[PDB]
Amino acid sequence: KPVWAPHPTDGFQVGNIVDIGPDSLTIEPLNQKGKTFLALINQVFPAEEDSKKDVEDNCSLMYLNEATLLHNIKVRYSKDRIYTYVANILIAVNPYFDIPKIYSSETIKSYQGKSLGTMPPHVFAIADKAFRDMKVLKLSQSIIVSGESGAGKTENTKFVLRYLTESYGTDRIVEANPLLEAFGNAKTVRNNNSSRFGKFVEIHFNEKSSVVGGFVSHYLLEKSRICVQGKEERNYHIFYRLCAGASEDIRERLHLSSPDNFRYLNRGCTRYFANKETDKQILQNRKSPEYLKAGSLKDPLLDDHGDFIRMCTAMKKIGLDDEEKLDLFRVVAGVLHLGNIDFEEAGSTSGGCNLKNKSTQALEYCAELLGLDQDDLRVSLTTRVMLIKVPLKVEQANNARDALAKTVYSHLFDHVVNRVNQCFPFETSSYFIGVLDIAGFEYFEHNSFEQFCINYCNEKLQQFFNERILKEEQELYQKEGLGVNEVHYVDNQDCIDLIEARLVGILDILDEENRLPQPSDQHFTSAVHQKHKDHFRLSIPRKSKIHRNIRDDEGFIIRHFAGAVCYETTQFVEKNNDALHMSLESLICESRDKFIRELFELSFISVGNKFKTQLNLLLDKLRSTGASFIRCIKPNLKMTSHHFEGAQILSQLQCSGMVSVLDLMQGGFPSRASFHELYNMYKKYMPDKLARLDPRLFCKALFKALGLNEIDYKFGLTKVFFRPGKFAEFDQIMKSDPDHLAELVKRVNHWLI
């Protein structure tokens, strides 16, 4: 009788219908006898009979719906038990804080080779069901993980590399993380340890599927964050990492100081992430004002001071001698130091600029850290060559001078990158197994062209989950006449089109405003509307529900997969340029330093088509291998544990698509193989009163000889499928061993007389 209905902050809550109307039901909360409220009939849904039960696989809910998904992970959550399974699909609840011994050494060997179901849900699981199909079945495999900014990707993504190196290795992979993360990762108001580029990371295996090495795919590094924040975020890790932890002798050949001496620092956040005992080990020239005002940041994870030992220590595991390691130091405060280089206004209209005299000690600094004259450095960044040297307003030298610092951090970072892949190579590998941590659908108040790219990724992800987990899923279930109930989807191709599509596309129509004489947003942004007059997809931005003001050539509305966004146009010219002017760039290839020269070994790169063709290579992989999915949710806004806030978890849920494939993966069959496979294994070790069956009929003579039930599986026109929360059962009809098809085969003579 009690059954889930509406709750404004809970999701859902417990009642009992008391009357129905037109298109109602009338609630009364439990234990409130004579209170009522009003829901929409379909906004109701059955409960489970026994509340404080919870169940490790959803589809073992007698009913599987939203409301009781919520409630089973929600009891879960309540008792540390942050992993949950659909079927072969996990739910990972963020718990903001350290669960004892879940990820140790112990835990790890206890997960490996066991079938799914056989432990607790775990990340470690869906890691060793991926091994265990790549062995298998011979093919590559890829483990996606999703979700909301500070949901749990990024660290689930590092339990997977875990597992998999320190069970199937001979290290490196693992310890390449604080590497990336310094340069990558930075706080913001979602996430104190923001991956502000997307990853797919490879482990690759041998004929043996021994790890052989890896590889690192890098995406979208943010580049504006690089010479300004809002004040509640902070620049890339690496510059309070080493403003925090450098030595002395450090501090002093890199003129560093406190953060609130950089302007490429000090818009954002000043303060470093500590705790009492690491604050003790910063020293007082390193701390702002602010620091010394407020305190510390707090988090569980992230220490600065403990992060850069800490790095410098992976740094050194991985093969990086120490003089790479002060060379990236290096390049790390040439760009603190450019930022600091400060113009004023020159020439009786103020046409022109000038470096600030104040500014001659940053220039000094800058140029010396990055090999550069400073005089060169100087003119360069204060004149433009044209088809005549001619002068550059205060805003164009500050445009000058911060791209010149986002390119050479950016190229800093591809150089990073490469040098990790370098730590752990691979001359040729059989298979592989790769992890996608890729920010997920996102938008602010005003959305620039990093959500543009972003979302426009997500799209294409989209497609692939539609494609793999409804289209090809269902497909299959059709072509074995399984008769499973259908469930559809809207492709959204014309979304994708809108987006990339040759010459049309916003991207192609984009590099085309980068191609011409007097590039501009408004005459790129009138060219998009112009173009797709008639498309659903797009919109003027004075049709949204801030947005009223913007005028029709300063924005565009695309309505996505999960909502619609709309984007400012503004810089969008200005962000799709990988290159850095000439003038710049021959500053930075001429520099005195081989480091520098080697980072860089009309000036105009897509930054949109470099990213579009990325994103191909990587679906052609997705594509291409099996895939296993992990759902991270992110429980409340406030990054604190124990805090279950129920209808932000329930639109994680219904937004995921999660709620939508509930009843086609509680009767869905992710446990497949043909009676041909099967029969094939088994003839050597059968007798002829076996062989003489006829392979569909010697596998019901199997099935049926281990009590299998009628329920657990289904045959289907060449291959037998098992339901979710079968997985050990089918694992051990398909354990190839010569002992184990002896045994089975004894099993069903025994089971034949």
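In this text, rigid core is short for the largest set of C-alphas that superpose within 1.5 Å between two forms. Positions refer to the first chain, counted from 1. First, how it differs from the form deposited in another entry.
Looking at CA displacements between these two forms with the core superposed, a shift of 2 Å or more is confined, among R162, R468, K325, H529, to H529. After superposition on the rigid core, the Cα atom of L538 is displaced by 2 Å or more between these two forms.
Relative to the superposed rigid core, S140 undergoes a CA displacement smaller than 2 Å between these two forms.
Annotation for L482: C-alpha shift under 2 angstroms between these two forms, rigid core superposed.
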Given for the second form:
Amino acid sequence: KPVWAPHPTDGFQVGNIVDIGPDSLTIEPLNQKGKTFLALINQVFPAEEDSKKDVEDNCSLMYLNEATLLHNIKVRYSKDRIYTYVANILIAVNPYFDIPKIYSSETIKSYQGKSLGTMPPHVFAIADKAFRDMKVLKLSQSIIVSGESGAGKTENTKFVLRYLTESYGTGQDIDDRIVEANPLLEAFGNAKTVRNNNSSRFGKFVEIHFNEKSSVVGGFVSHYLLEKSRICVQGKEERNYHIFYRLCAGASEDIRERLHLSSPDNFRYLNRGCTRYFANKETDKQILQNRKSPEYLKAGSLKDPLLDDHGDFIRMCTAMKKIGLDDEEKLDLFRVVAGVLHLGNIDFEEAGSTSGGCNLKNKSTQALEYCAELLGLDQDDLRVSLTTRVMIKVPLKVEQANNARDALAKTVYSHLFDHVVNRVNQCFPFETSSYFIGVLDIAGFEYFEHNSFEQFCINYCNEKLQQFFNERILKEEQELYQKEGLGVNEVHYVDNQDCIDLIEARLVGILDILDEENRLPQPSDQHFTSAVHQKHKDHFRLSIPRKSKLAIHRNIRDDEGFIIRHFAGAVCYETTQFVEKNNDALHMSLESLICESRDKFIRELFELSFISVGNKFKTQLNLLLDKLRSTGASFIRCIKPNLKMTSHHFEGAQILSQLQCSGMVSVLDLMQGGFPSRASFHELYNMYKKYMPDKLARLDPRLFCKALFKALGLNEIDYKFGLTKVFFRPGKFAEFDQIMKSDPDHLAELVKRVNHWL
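Starting from the form deposited in one PDB entry above, please write out the structure of the form deposited in another entry.
No partners, no molecules, just the chain.
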């Protein structure tokens, strides 16, 4: 018989055991005879007999192991079937292309009210089960989309939101408003990175709120830590926020004239990264030459199946129009973006023998004049504010004034993003709700050749939502089966709590130590990294940069960084700028300048000075987890198929790692013997009690239940009685749902089914 043995690029490979050794097992690869390779007994797994067949729920496999899970997903993906279940947990593999019809209004309809497994695996099925559960259990529900940057969490978040609003959303205006919020938030909070062209530089929790009649009454979006660094500088293969690029590419000649824009290369805050636009043959025609940078003219447009800076400019303006933003609201946003750009251009030169600190360069006068009109400020008030920091006024050197000009741009932009999120929430408000369905789209786990505070926070976040997973799915589920007395085989796992204890320990964790450094008279990123390593050498999720597998990082000094061996893989961090990046506060000179601005819109944005970024984020996430622990949790596991952003290119070994890190290999072991559907046999009996005859009344609840299942052709293997509740095996969700249907015409109809059974 043929088995699954390891392969370096495919993850696994087919062949049969030809010989047994003390340490290992000699395997001969299938297709070609004679040639052999050796693999360990533990590294060898049984395969399915039918290699061509695919299953919708991995729990239906003959052999439930990491090699059979990978193969099922692989086959499904080749046939363009990106969704697969592991009981009620959905695995989504990024197609990197538009699969026709699978997100159509026809498909949306086909999924409505259908039980899990009575339709193919789909995000819609996860969204509908979460709606059924809300309506039935009278308990608010949470949808958690996980995966690394490029996995497909943002697209899947959007798919679910489109399903819910189209399905259970009135038919009125509010329904589409929740949908048109994402392209607006993506304009300001999404940017081209190397892992993803449409990367989410912020985390979000979108709640769809319902009344007791289970009809949408509005929504609420929560946002988490928009990347401030990206506003000023980027790397040649990455860009600033999409808004800058859509505006430069698609603005009417009047807007270009009014905002004083030109090709991205003229702007400091853009020209360090990519100055190329997302376009095709058609759209590249629609962008005027006075917007095209030399890089664009020499190398061409950036290619993307979904992104298009021109087509997305009109599409965002149309989203603003559909959510109630008038032409004034629109321009005010544009003036701030433009103001931020011109602000960036402002350059300084050493004064020495005049003021002491520095002045503004002679060719920075245009930038200053333009920046002032857009931000409703006096040019000199601005000129003073950037060159002299009062602390009794004090002058600033060239480097210090550069830091000042960037700090103000960052705050101004962030405040515009907080305004957009707010204005978005204002387009779908409500006085009160009963239950909600919230979708969690964090910023996915990322790492590059150079990793600072940004990555440390994004990954600390990814750590937290993975801790919620271990809790809900493995710790609590096994605890239930145990408390009820089912004797399901215990599954031990690689817990990610130690990593979190390392970061957020009150007074002695990385975050509270970093805070202490900011609070010192002369802070240091070197002194910071020292105290981190000195408290107290030992910890499994921490190592000095020279201990990295990648050559690149082995040149980093002990005090210059640290590696964090995360759940999703190890990431070496360069601790430079950590202290600075941990200060959310803005000097009061710049704070007062922008607050006392002759422009209402700018004033309205703004409603030792130190504010911890890290601990503000700890607080933010801890509120979210409380919100999350109160709801019923549903999980979507997005998988990135390759690192080349291509379709029909399944990297086996790469996906296998993702299946292992997400703990889906662990879940698969527990679902092999777990019962995902369950109900109290007394509450179930009491629900039917009003319509059952004396004969059925005299019987103990367990016996009526046993008879009702034995009427709906269930099997002794399918269900199992606990101490208080009845439990149901995977692939029996359809059955479980009808058994649980609280509708009196169904309940009484089922008593008749039972009566004839005897």
